[PDB]
Each structure stands twice: as C-alpha cells, then as structure tokens.
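Quick heads-up: it's one chain on its own, the form solved without the partner chain, in structure tokens.
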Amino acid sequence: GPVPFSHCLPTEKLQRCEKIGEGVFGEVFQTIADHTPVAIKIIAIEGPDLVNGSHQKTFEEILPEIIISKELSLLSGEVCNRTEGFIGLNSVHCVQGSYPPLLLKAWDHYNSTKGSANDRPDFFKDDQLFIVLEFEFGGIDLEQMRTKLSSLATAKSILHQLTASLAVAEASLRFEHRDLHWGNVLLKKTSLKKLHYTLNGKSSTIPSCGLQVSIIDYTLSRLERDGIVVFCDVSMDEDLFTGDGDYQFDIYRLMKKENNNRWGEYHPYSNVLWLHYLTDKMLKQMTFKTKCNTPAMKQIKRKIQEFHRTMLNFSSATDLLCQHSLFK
C-alpha cells in the first residue's frame, strides 16, 4: 500500500526543498537527505483531475521510467559495460496525500522567479496517489551552464563523455534516450583528471576538464533486456511532433521519420540525432570564458565543427565513439 508524504519528506527534508524544474508529468525538487544532496521527482498518478493540460498517468504508464532509471543506475557498478555517465536512483515510493504546503511554498518561489508552465498543484485531495523518485544529485544542467564553461576543450570533453555513456548503454541495454535536450545533461565539478568507462570489456579514459557529465530524465527512453522492451509509446502523440523555435523540436520529428512511428523498435540513430542537437548548442548558444584565439583552441573548434557536419552519417553512439576522428 502507499505511504504518507511524511515517509519520504519528513519535516527537515521538506523545509530544505527547492523547486528546480518541471514537466507536464512532474515537479522536481532538490533537497538534502542525511547531509547529502538529492533530486526528487514527484508525479501524480491514477486520479481524475486534469493536471498541466493532461489526464494523469496510470501506475502502469510510469513503470517504464522507473525500470529504465533502475537499469541505468546499475551501470556505474557493472564491469563489461560500465559508466558513471547516467545518474543513481536511490528510491521509488508510492505516496498518498494532498500536496504538502511546504512544497507549495517552494513551487510558488519558482513561479515567482523563473515562471511556471504548470498548474499550482494545490487541488489534490488526501487520497491522491503520487510516485516519488529520489535521484542522486547530478549537478547543474548544461543550459544553466551555457555561459559558465571554460572553453571549447571543455565542450569536447562533454561531447566525448555523452557519446561514451550512450555507447555503453546501447551495448548493454539497446538504449535510446529520446529526449536528450540540454536540460537533461548535468555537469558536476570533479577533481578527477580522467574519467573511466568500459565498453564491451575494453576500458578507456576521457580527460574530464574538471567536469563529470550525467545524462538524466528517462521519461521518453527505451531499452530492452532478454527481448523484453520497455519504452514510452508516443505513436498517438500529436503535440510532441509539432513544436518549433528550437532544433530540439525537429529532433522529435526526425526520430519519428527514422523509426516510422514504431517506438518499440531499436533505432540508436536517435542517440546520434540528440548528440547532433547538443553539438549545435555548443557551437551556437554557449559563451566561454576563454575564446578560441590560440592555435590549440582554434584546432579544437575546427574538430567540433567537422564532428557537427559528419556525425549524422553514423549509425549509433557506439559507431561515433569507436569510429569518429574527434575521439582519436
């Protein structure tokens, strides 16, 4: 049976909650649990009220995100296919209750500073069910870091880390992220000079440039184990394919073109498309502390541009990692 909100969010944890983002199907808070930062995603399920312009998901419809979050969380401790490039999942609970007023206060603060596209979640009754996912805190998203990166060399590390992480997940799980916009790439400072990954038993390293990248938020993702596919079936979703104003919204249409609107199949070219979108953001929407005015830096820029114009001729993140000249 479900637990009360207080099981997951006792007073002190609740008091430290700050809202950090949102989607149609969730609110996300950062807080501190046992002196440790965490991110908490809270999703309303099974109720009759419209929420953020949509009917609520059923428990069965949230299960794919839970399962995929659990699988990717395991990758940091695997051996043949190992990466720390996703994020840890600490716990999942089913909670029952109306929304805590301290969370509403956090929600209000975010709406007042950043502005929200969601309904204030103050209409839920005391029988309302929610899924609460607690993640390891992964740092600051790439969008918020768009003016904060040191140079194009940092952008190259980030691209290499992302590619490697996706390759490891493709190899182990036939994984596609499918929604890898720049809010779903997190950066955290590290004193490690090199990061390690293993792809089908071969270990390699990547210079960190002082940052560990984490890929997050598996709401649209797909994977499989033992021929059992877990995915988000968007084949009847109209709106996902009619966005504009950002190349992000072209990617949804390009994925659908690639897969013929069959979301259960494995099309790792979708990972390549997202990587192309991310390279585009790096070349166009980032400001760097150090400009590309030395020969060394100018060469890195040329290499990233050459990656941008050639990567769409590759079939998967694995193909990019193993064959693209950027990573040699």
Second form
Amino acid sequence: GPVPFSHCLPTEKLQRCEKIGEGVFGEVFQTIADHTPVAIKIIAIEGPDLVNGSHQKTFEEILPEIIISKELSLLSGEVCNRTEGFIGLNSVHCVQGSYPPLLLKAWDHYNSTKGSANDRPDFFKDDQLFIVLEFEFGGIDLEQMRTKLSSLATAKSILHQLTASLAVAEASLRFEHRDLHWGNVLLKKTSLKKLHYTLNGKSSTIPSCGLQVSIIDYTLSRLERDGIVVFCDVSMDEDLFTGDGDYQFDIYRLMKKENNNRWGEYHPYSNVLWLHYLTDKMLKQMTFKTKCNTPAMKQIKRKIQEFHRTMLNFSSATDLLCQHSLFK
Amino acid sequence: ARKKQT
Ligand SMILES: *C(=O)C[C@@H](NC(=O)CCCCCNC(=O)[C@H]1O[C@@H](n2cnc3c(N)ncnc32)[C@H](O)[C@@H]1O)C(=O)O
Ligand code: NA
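To test you: the structure above is the form solved without the partner chain. What is the structure of the form solved in complex with the partner chain?
Every component of the complex follows; first up is the chain already shown.
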C-alpha cells in the first residue's frame, strides 16, 4: 500500500525543503537529513486530471526511470564496471495524499524568486498518488554554472568524467542516456584530486580539478540486462523532434536518424551525440572566470576544439574513452 | 532546456 508523505518527509525534513527544479511532470526539492543534503523528486501518477497542462503518467510509465536509476546507482559498488558518475538513489516510495502545505511554501518561494512554468500544486486530493524518488544531492547543474567555472581545464575534467561514466554504463548495461542536456549534468566540489573508475576490469583515474560530475535524469534512457530492454518508446512522439533554438533539439532528431526510429535497439552513438552537444556548450556558452591567457591554457583550448571536431567519428563513449587523444 | 514544456 502507499505511505503518507510524512513517511518520506518527517516534519524536520519537510521543514527544511527548498525547491530546486521543475518540469512538466513534477517538482524537485532539496532537504537535509542526518546533516546531509538530499534531492527529492515528486511525480503525480495515475490521476485523470491535468497537471501543468499534461496528463499524469501511470506507475507503469515511471517504472523505467526507477529501474534505470537503481541500476546506475549500483555501478558505484560494482567491480569490473564501476563508476560513481551517476547520481545515488537512496529510496523510492509510492505516497498518497494532498500536497504538504510545507512543500507549497517552498514552491511559492521559488515562484516568487525564480518564477515557475508550473501550476501551484495545491489542487491534489487526499487520494492522489505520487512517486517520491530520494537521490544524493549532486550539486548544481552545468547550465546554472555557465558563469561559475574556473577555466577550460575544468571543462576538460568534466568531459572526461562524463565520457568515462557513459563508457562504464555502456559496458555494463548497454546504456544510452538519450537526454544529456546541460540541466542533467551536476557539479559538486570535491577535495579528492583524482576520481576512480573501472572499465571491463581495468582501473584508471581522472584529475578532478576540484569537481565531481553526476549525471541525472533517466526518463528517456535505455539499458538492458540479460536481453530484457528497459526504454522509453518515443517513436510516435509528436513534440520531441520539433524543437529549435539550441543544438539540444537537433540531438533528438539526430538520435532518431541513427536508430531509424527504433528505440529498443542499442545505438551507443547517441552517447557520442550528447557528449558532442556538451563539448559544444563548453566552447560556445560556458564563460570562464579565467580565460586562456597563457600558452599552456591556449593548448588546452586547442585540445578541446580538436575533440569537438573529431568526436563524431567515434562509435560510442567507450570508443572515445579508449581511443581519443584527449584522454591520453 | 527541458525536452518538453507546457
Ligand atoms: C521528460 O519529459 C521528463 C521531464 N521530467 C519531469 O517533468 C520531472 C521533473 C524534472 C525536473 C527537472 N529539473 C531538474 O532536474 C533540476 O533539478 C536539480 N536537480 C535534480 N536532481 C538533483 C540532484 N540529485 N541533486 C541536485 N540537484 C538536482 C537540477 O538543478 C536539475 O537541473 C523533463 O523535464 O525532463
Ligand atoms: Na555521482
């Protein structure tokens, strides 16, 4: 049976919620428990009414994200294919009830300061079901860090972390993220100088430049275990492929070209397409506190430029990681 | 940007 909101959000945890993100299908809050921040994603399910202008998803439609979130979180504890580059999953609950007034307070604060595209979630009845996903707090998204990074040396570490995590997930799970825009890449400070991963039993390190990258959001993702494929079939989607104004929206169309509109198949080239979009953001949208003012920094820039112009000739993140000169 | 929007 479903649980009340108070089971996931006891009073102290609920009182410390602040809203951090939103989309058509739900709301993300940060809170604290045992002195540690966490992120809480809340999605209404199974009801007949519109929320933010769209129908609610069913439990069966949220299950792929839950499964993929768990599999990717578990990669931090694996041996042959190990990465911490995907967000940790702490818990998942099915909750029943009206929206907590304390979360409405947080929602209002966000609407007042940042502005929301969503309806104020005050209209849910006491029989409403929700999925509540509790994740590790992964830091701040790359888009919000557009003006906050030190230099292009940091951009290099970010790209290497992303490529390695995707390669590990390709090897372990035949994973494709499929929606790796810069709102779905998080950055957090670390005191570790090197980050560790293992790919098909071979362990390596990546210089951190003081940041640990976490990939989030598996709504469009695909993976498999023992021939059972978990994915989102967007072959008939009437809006996903008609965006404009950002290279992001071309990526959906380019994935559809690569896979012939057959989303169950494994096409790890989609990971390369996203990494190209991310590299493009680093070179064109990100603005750094210290620019490339020395010969050595102009060299790093030239290496990332060379990555941008060559990486689309690689077949997967694994091929990029193992063969591209940027990572030697 | 989010992949889809109101
Ligand atoms: C496709 O149609 C799926 C659709 N999803 C939804 O509508 C559900 C809600 C999406 C929320 C989008 N915004 C974010 O995720 C932002 O919240 C912050 N965030 C999220 N998760 C974390 C964690 N673990 N730690 C820290 N911050 C976190 C980020 O700012 C993120 O950009 C869709 O819109 O894609
Ligand atoms: Na992580």
